[PDB]
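One chain follows as structure tokens, the form solved without this ligand.
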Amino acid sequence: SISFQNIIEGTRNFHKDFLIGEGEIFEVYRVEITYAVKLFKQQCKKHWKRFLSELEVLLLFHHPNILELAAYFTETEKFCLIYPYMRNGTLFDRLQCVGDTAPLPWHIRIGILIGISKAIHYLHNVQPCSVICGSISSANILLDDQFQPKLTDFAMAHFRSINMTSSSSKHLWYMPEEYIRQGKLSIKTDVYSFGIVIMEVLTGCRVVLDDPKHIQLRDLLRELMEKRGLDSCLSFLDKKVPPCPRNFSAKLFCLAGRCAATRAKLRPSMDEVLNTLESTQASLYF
């Protein structure tokens, strides 16, 4: 519980110095009472629909693996959303090791890979009408001081039971083919985007590889186990951390490939993604 005047001077009148980042339709600030506030960036036709979907899901749906909405402010012709600040920051920031931080151990990886997996199952089976997260990525997964994950960016979340202009630019590299070439946003578009972030925690590489040709990490691993070999995928395992059992590594490449499939019918559901993902956690420690 806070007031607007606490934020007005707290964010130093939205000072450019007190900014954590500017995303698609927001520009996140840092506030202390510490919090992170998302200020509505003002074509309201589509930007406003997103701000709604964000506040819709957070108020109506709660889960320990979802960044909990603290409060909302609609005052002084300004809309904004306040959030509890995450100490570990973005997943993408920690497994890429920005700021020369410590790499993520394998047990935390499979830990926050299950945590996010548990939430996306919760959302796919909400009672009124199932909701599709849509914009899931290693950039929208935050980690607290205990390194436990939190979802973000429910702006392109849709309820289910179809327009490419409505897309999120940064989330392009996670979208399936039926979403791009056919516009069909399915229930299985989250398991697709989740199979890619499994690849990102197995191989500490970026979403799109920095090679001169600028090829996708999905397509690279898509061709290794398709032609060369399943163990050839293991050549790209993140070397910044000590090794892990070959059965733990194999089961995750086996799963990520089935999740990040072009054809939608052959793509699994989050429950069995979570079943195979918790059993893999035992293969690590044994």
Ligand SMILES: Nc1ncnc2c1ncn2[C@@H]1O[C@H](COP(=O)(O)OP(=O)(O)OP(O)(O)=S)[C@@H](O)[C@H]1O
Contents of the next structure:
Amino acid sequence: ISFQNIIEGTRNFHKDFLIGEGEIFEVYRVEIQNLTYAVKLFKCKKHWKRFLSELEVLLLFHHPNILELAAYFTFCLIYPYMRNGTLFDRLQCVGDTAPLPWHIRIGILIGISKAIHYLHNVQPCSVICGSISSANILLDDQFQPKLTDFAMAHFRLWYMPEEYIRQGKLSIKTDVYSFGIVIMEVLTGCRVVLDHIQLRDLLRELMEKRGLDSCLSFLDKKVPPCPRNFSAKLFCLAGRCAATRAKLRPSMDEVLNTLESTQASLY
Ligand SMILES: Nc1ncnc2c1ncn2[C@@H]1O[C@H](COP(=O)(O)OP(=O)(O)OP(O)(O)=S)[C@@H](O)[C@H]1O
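In place of the form solved without this ligand, the structure of the form deposited with this ligand bound is requested.
Let us now look at the entire complex, which starts with that chain.
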């Protein structure tokens, strides 16, 4: 609420409160009364335009699965603290946390797809998210997912498709492509790059040569296998989302409906 609040809430930015740091922000945990926050300390015109883009999105649009801006000062942005961390960290079991069970994994994918579906259709101009990734998906105390990072958003590089890298093109289908790779991480528990090939290339090669049921062998070993058709629907959906040709990718609306029927077969 005040900046004085952030100094006290961090014991003046003591290291005990430092969460981490990226390219644009230094990030601290802040305790203000009986709520916990993460403050992203704005640390180059490129940097600046990405700060504005983050502010623009979060001040105008709101969704249960988008991490909301609570306050800002101007230089910093304050968000509610997400105690279960990033999807990436949980898939990689950072800190020796237990692997996520399938019903949470599919719930995470559904929530994020709703957030993207909402952003792709907000009343004035639609929003292309631009930085969809397992790192930018945060998780609350019940593993409800929260989409974050709109520094690359636009109104209409492992996660980026060819037509973006090669020709600068950007669309609704950009987010679908990135989301497809996230599904691949969620199914396998692998990083986007493997110990040195890309997860997307490995799964696409396997699906073309050996069909959808052969990916069963790449399901995350740290849980018992999900049902066969759950796996096949999700690998299929991931492969289509990550297609090289944008025209082959489903809309996020169709993705959401597919994810939701996939969840039903789990129950
Ligand atoms: N609301 C939050 N709750 C918990 N951890 C958070 C929150 N916001 C940021 N973090 C973490 O703080 C650390 C640093 O954040 P980053 O996302 O790397 O910052 P950034 O400067 O926006 O990043 P870019 O993408 O590299 S510009 C990461 O480990 C994040 O997961």
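Positions refer to the first chain, counted from 1. Between two forms, the rigid core is the largest collection of C-alphas that superpose within 1.5 Å.
- Residue 15: CA moves 2 Å or more between the two forms after rigid-core fitting.
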